[PDB]
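A lone chain, given as structure tokens: the form deposited in one PDB entry.
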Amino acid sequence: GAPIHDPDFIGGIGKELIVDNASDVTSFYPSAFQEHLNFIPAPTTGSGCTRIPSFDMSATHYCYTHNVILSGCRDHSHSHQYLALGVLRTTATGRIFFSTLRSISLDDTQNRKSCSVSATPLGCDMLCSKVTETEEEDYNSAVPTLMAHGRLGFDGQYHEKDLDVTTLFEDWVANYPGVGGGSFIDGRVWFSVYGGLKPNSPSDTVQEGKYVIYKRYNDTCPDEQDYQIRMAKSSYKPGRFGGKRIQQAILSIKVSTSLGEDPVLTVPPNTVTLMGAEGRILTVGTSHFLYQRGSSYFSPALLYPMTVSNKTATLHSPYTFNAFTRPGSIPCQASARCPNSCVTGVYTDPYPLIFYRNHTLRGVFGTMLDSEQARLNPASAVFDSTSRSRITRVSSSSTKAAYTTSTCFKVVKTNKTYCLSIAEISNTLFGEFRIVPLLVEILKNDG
């Protein structure tokens, strides 16, 4: 007797939404923002800071979560998490609405940060880092970061179990969940995780010399082939964190009544993965993907084809979407084209929207920050490997924003495809940010 989306959605959750080999990907564009039940709590005070949204929806229910800090976004002493478990439903008039069933404020003696959620058969699994020190400090402290695998059950109850980080993340100095949603695959919950490796440790040595250069489609890097390789090698040991190696990883835990059961860490060779960064494990149809935040020199949205075997994962040459850029700081700005060492960017993910009959991904939906360096102007659109469709803006005026996580689905009864685009938009009176669940219907020029 577990909760399940209204019958109108059956067959429309987590599948390849648009199969077409003929049409141009960019002929599909988002509608004007749709008005629906806002399920994401806004701040209630002049300085409350709600940030870091994580979302995932299975074929049965959805999971959402965000961090809350009482005094401001800068304060690092303590915070709590908002957690929601729910199911998609429709009005008599066929309007959709995310109907949450368990709504809670998680607040105890611990400071959970960079939290990620996943919709598993047992509820809303969550992966957080319990931190006492700042990011800069955690990297310096050679000991791994404390992590916990929690879960909001259908009964509205929350249980968690700290992970044995001293053994699991033994070769790590710092480790955090990718904030983007995790995914449930073959009896296991998969989470994106990044952090810093202990220099000269087994895990660090194997990644030594390993690098890879991903380029821009239309642009070409003028730098010499030797300079570039030297730059790529160094983009993995950037300045910001004392030249430590920021590694990308994937943790899989067995979904059972025992939290933290059988955790297994996978560290993909850097011959394929760029510098570790926030991420998300997506599952669309039978395909799996790894979104990786563009924290390094690469600007275009990345999606590493992910395939699982047993308890480990394997990544492949990523899909890139040239028009889906993210603001960054020089020399890693939106229009950057050459390899370099940096740690900037912002989390704005791409949701697999349009596929080929052969099942190879063609296009994606997402909300990008349409700006070179400043986190400004959120713009929702559909993207292929090279161009961008018609867009939908939050405001024609310059607007401050941050992270965005998108997820598309179809109401089979109305035969309409929608994309939920959760975005951190600036606010007034009540806090620095208001995380708003934007909604668009995916349209096509003709029919």
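Numbering follows the first chain given and starts at 1. We call the rigid core the largest set of C-alpha positions that still match within 1.5 Å between the two forms. First, how it differs from the form deposited in another entry.
Fitting the two forms on the rigid core leaves the C-alpha of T428 displaced by at least 2 angstroms between the two forms.
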The other form holds:
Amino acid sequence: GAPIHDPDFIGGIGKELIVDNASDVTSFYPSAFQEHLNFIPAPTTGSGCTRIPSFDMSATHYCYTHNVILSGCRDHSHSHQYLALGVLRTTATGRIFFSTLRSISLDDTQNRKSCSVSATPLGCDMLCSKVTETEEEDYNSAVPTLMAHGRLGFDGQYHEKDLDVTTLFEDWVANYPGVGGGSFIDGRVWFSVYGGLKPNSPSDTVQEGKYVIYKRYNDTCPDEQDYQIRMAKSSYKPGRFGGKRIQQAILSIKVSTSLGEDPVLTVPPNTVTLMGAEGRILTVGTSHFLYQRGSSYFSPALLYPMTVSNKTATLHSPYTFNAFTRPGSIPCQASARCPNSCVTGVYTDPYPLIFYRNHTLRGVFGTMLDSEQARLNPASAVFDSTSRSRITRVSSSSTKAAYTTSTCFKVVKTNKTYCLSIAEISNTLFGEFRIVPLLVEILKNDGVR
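Now the other one: the form deposited in another entry, given that the block above is the form deposited in one PDB entry.
A lone chain is what you will see next.
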């Protein structure tokens, strides 16, 4: 009943789990899907769905949230936001299970979507967007998207406060939380956000001519330099949103009794970040990372090192995992190696797992959609910069996936490393999407050498 992770987890949450410098990264791999957890509620109705999962865990508790739709799973539909606060416990037999301390289903009328959540000392901080219109209409609207900062405390109470997006996102036509989890850092909660810049606005003007071309390993692009640059520049203004610059941002907010207190929007230079996309701000040990969904031409998982300076942050050259690809429409498929304009891909974050003694991230765990173009075939595995380990297929090759957010930890008591993988999956004839939690232990083959 303790409002903290059970003693066995103490000291095994949020840190660098494995630091092997000698042994290969891919030698570490996911086992068979263990103790199928049930902290995530199934959809309220049989014809409805659960979608857009966000999870973040600190050394004391975890936070989880998801959007629920009563009929169908089409975005242009009414939805409720489910938010929960919980801790990692063990049974008498050592069985790991996610225990919910508090939970709330926002059954009101506010149209919350693209919500992200973060574990803070005060509980579970949530960043949501509120809109009654279309997404493609939002980038077509003149005003920024409404956003709110909420919190489900340890006391079960929920408080929320709408942000003054008029001034905070004055340079944006559309703005949304990255859906991925946010991170608590130096008294502030950091949520990755994305959207469209108002053309010719101060923010849009500062990003003019700014771009970056990330290459694939051992697979260079055959297109000429002049053309690649031309394509990279256009990747920030995909035709889908009519020329608007799809921008990546970072929003920090002070964690205190007052919600939405002192919000500061940092917009990293596009010479670092690719096209704005869904993302996640996480902290593993002492380093911070910004996961960016590969919505543009870049297929391999991006893990941007994030450093903090007061209320703003700076992103450095991203860690890339070539094998950890994501499905996408041509010319931005899983094998795409050339810069291009597109709004595709799927959110499938990599959790910093293996590090060097010097703390440089060496390997990550994540449930990728092992598919070339279609959002399907989820598979858990460990990936370094170029390869992947023995995979643990979530289900069949027919399983459609929309999101996979992974968070790994250790049971210091048994010294075993585990990875929680929350996936929004569905089969062709079993119903709409539903979020399912999968826990897998990270193994290592010693008898190899």
